[PDB]
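Please work from the sequences and hints to get the whole structure.
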Amino acid sequence: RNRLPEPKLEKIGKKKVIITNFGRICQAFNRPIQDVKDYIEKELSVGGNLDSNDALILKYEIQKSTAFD
Amino acid sequence: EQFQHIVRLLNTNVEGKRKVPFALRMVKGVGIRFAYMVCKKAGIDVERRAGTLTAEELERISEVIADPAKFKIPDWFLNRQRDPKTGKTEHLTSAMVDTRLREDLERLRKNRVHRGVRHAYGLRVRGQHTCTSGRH
Amino acid sequence: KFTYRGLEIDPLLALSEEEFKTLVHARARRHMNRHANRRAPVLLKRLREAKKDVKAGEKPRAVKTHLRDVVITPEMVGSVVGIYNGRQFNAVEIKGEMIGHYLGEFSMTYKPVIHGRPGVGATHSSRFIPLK
RNA sequence: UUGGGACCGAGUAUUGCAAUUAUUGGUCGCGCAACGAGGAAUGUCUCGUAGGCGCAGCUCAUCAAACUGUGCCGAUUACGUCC
RNA sequence: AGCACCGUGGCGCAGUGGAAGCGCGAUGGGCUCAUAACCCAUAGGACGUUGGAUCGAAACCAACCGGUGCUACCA
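Chains as they are written, first to last, in the UniProt record's numbering: chain F, 207 to 275; chain U, 8 to 143; chain W, 21 to 152.
Just so you know, the hints here were simulated from the structure itself, not pulled from any lab data.
We put the CB at the ideal spot given by N, CA and C, even for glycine.
Just to be clear, a hint being listed does not mean it is correct.
[Said to hold, decoys possible] Subject to a maximum C-alpha distance of 20 Å in a straight line, what follows is the list of computed PhoX-like cross-link-like pairs (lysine-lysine):
1. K41(W) with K95(U)
2. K48(U) with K26(U)
3. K214(F) with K270(F)
4. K115(W) with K117(U)
5. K21(W) with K95(U)
[Unchecked claim] Not the full set, but computed from the structure, chain W residues with beta-carbon under 8 Å of chain U:
6. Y24
7. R25
8. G26
9. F40
10. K115
11. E117
12. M118
13. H121
14. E125
15. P132
Below, the structure written as structure tokens:
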């Protein structure tokens, strides 16, 4: 019943989805950055990167939801 | 025979430029000072720097920069007139351009007058505008 | 220590109005001449009042004024003056090196700016900057 | 570099009831602060025009790199097409 | 436990001796009524580490280290 930060999204350009809360989330369950990112991006089979101000980018497009979970 | 190459006039090296005033600019020193060459006891223009300590001797020039109140006495021509810690001064340096300046700075810094506040932050201290230029 | 023009405190005090405005910069001179007819009627009095009354070993009682368009003469040196930036009377004591100035110069009228991260609209290119 | 000046200190006079966060002139020092023909891209022009250059009016105690108007010096190319 | 291959910019990699590059990126501009699409300018390299061969290499040889695959299964 632990508490995990609720990932929160943005729809930019109606293609990309930026995930602001990425950095905070990865910290919480105590795993690093690149490795976590890999798994996500592999499943969805898209590109995009991280870098930046540690907000993720993905080329996957969805109707905005909490269904990233 | 022998030409100049890296002369001195302050124990500071000075190019052998082939017109005389333009060499002295290095000493700070600028054109509308120098033209006192009349009173400096080498009246020369159109004459090389290389001819120094011959019979157009060097310390002639040098002395007239040190004390210009016996080779003629006008102000409106001097770096610092009516000092605000002594009564009056002439002042033609280096070396004291980076000392006298710095002391004025320090004075304002202390008692915290507006000019001195603005200059500690490195912001413009005159009229001036910011937010479009200068940008570093 | 302090030298205004190579003058300690006692010489400065000794000078009459004529001998004074001769000695000072161009602004100060220009000011005094143009004025005449008082033009600091209260701001002299209030100081010299509380100045006198002191038993020394401490500064005079502070006086407050809005005005800042008035010079600093060697008369008013040692006093504690208020100067008003539009919401706060500000504390200044008057040193011997504040002679040849005005009051307002010592009293700041803005907070200096120090920034706090630029928001959206700064950077033309768009990212919709999280979170500030 | 004697090309360019940006910044910066001191002195002085005028404008105004009030010039401090320098208002405007006017001379000394600071020039060793930039900048050596400028990427992707982009602006409007066909003859007294383009471009270069200066003056006045405007605002108005004071201050014009702006705007409005007038004059001087004065070209290159095209006078075609629908991409 | 051996064998094989690999180690180069944030990430994936090119480069058989005259020896710092490319694709994705990050950051800032430009194209567009906006977004994709698409151009341009910036910063970002102990070429795994050590020794050796060589006039001279990141490239060849050896030693060690790390990563991955294959075979090993340890009284």
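Hint check:
{"no.": "1", "hint": "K41(W) with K95(U)", "result": "16 Å, holds"}
{"no.": "2", "hint": "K48(U) with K26(U)", "result": "16 Å, holds"}
{"no.": "3", "hint": "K214(F) with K270(F)", "result": "10 Å, holds"}
{"no.": "4", "hint": "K115(W) with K117(U)", "result": "11 Å, holds"}
{"no.": "5", "hint": "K21(W) with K95(U)", "result": "19 Å, holds"}
{"no.": "6", "hint": "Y24", "result": "7 Å, holds"}
{"no.": "7", "hint": "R25", "result": "5 Å, holds"}
{"no.": "8", "hint": "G26", "result": "5 Å, holds"}
{"no.": "9", "hint": "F40", "result": "15 Å, violated"}
{"no.": "10", "hint": "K115", "result": "6 Å, holds"}
{"no.": "11", "hint": "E117", "result": "6 Å, holds"}
{"no.": "12", "hint": "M118", "result": "6 Å, holds"}
{"no.": "13", "hint": "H121", "result": "6 Å, holds"}
{"no.": "14", "hint": "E125", "result": "5 Å, holds"}
{"no.": "15", "hint": "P132", "result": "7 Å, holds"}
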